[PDB]
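Enquirer: This is what each chain is made of:
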Amino acid sequence: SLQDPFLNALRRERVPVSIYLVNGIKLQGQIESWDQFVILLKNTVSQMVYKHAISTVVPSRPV
Amino acid sequence: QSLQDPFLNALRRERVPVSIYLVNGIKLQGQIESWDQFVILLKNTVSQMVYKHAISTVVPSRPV
Amino acid sequence: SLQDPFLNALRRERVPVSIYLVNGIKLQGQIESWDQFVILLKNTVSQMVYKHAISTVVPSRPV
Amino acid sequence: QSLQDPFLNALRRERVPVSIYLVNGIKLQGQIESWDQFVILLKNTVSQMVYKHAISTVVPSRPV
Amino acid sequence: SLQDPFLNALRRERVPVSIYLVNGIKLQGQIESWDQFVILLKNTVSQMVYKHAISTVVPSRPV
Amino acid sequence: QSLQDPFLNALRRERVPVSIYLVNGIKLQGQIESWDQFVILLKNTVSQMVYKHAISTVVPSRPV
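Sequences listed follow chains A, B, A', B', A'' and B'', in order. A prime marks a further copy of an entry chain. PDB author numbering puts the first residue of the first sequence at 6, with every later residue one more than the last. PDB author numbering puts the first residue of the second sequence at 5, with every later residue one more than the last. PDB author numbering puts the first residue of the third sequence at 6, with every later residue one more than the last. PDB author numbering puts the first residue of the fourth sequence at 5, with every later residue one more than the last. PDB author numbering puts the first residue of the fifth sequence at 6, with every later residue one more than the last. PDB author numbering puts the first residue of the sixth sequence at 5, with every later residue one more than the last.
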């Protein structure tokens with residue numbers, strides 16, 4: 006509900022994000038796509054991140 | 005839900021800053037922007053999207 | 006089902022509790038209120054604790 | 005559910021003490037008081053309410 | 006869906022398994038039984054392992 | 005689901021090896037055998053059953 010427009014705003018302007026995982030690890034890249042359960046984060050290769058493993062998605066700059 | 009919603013709404017309405025402690029121990033701080041069943045948007049320079057499943061406690065900086 | 010009467014017993018007698026989180030952290034206070042997903046723990050300020058982050062709720066004394 | 009319920013019931017019925025290991029590695033020990041879909045009540049001086057989501061394993065001190 | 010036949014294959018041949026938990030801990034034994042939420046792992050005593058706490062179930066040898 | 009399924013299927017179909025990073029930080033590596041709503045079967049000597057709830061990220065060794 007809030008997830009969709011939040012992630013869409015980031016994707017359409019190709020705003021880089023930091024995705025902090027529940028274990029502290031920080032991933033970085035651009036939101037390429039997503040569904041109910043995963044976010045596809047783009048960089049060199051596209052990695053599929055499970056939302057359940059994410060603590061916070063942080064834009065690098067205001068959107 | 006029936007306690008979570010009025011609790012968050014009261015903090016947001018009076019712009020009371022909060023500390024959001026995550027399951028990994030990291031403390032986030034900011035203003036409550038909005039929330040749904042799954043996430044809380046926490047703002048200050050940017051609005052970051054915090055998954056509720058990753059939060060342990062939400063602590064106001066002062067009583068409601 | 007068991008949660009409600011367990012938490013209500015603690016609340017009505019204002020019995021102090023320790024809430025141990027899944028990361029080891031111990032919170033302390035009195036059960037002020039709760040719903041399906043959170044417990045409001047009272048002390049100096051009221052903090053909202055997600056049940057999913059709790060490992061065990063331990064009364065300080067028999068109820 | 006169909007295995008969890010008879011397993012816990014057998015331990016409780018014969019008052020077999022258990023060790024409940026939590027996801028964080030802490031070991032709780034006691035007697036099974038009762039349980040529902042979400043929690044197990046573990047007793048000895050007090051009854052503590054243990055969320056199942058936080059438990060990794062329940063280990064009897066002896067075979068059923 | 007995949008869980009059932011995977012676990013049944015291990016059980017019927019009594020193939021020993023290692024069950025790695027989400028905290029890193031490695032349990033070992035034989036799959037005795039399971040339901041929707043737990044796996045009963047047999048060894049000296051039978052211990053009930055919650056699936057939500059498991060990261061991976063690894064056969065000791067090909068099945 | 006609608007992104008997860010085509011993503012995993014593409015990797016499996018071309019036999020592209022993956023690294024599966026778990027929430028605890030352990031890295032598993034192998035070939036995707038199959039998956040359902042709850043688990044991914046990861047193969048090489050044995051097929052191991054990996055619970056999705058325990059995975060943080062699935063990373064291909066090369067673009068799809």
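I should point out that these hints are in silico values taken from the structure, not numbers from a laboratory. Each residue gets a CB set at the ideal place from its N, CA and C atoms; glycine is no exception. The reader is advised that the hints may include incorrect statements.
[As the list claims (entries may be wrong)] Simulated pairs of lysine-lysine, DSSO-like, Cα-Cα distance not exceeding 27 Å: (1) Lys56/A'' with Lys56/B''; (2) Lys31/A'' with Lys56/B'; (3) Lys47/B'' with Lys31/B''; (4) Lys31/A'' with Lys56/A''; (5) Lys47/A with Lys56/B; (6) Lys31/A with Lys56/B''; (7) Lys56/B with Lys56/B''; (8) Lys31/B'' with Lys47/A; (9) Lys31/B'' with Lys31/A; (10) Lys31/A' with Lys56/A'; (11) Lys31/A with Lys47/B; (12) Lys31/A with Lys56/A; (13) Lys56/B'' with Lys31/B''; (14) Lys31/B' with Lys47/B''; (15) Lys56/A' with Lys47/B.
[Unchecked claim] Which chain A residues face chain B? A few, computed with CB under 8 Å, are given here: (16) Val27; (17) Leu45; (18) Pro64.
Enquirer: Now tell me, hint by hint, if it's right for this structure.
Expert: Against the structure, the hints come out as follows:
| no. | hint | result |
| --- | --- | --- |
| 1 | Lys56/A'' with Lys56/B'' | holds (11 Å) |
| 2 | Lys31/A'' with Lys56/B' | holds (19 Å) |
| 3 | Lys47/B'' with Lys31/B'' | holds (14 Å) |
| 4 | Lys31/A'' with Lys56/A'' | holds (14 Å) |
| 5 | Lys47/A with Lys56/B | holds (24 Å) |
| 6 | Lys31/A with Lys56/B'' | holds (19 Å) |
| 7 | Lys56/B with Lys56/B'' | holds (18 Å) |
| 8 | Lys31/B'' with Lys47/A | holds (20 Å) |
| 9 | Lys31/B'' with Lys31/A | holds (15 Å) |
| 10 | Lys31/A' with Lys56/A' | holds (14 Å) |
| 11 | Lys31/A with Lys47/B | holds (19 Å) |
| 12 | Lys31/A with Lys56/A | holds (14 Å) |
| 13 | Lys56/B'' with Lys31/B'' | holds (14 Å) |
| 14 | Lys31/B' with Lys47/B'' | violated (33 Å) |
| 15 | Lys56/A' with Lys47/B | holds (24 Å) |
| 16 | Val27 | holds (5 Å) |
| 17 | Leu45 | violated (16 Å) |
| 18 | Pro64 | holds (4 Å) |
The structure fails hints 14 and 17 (numbered hints given earlier, in ascending order).
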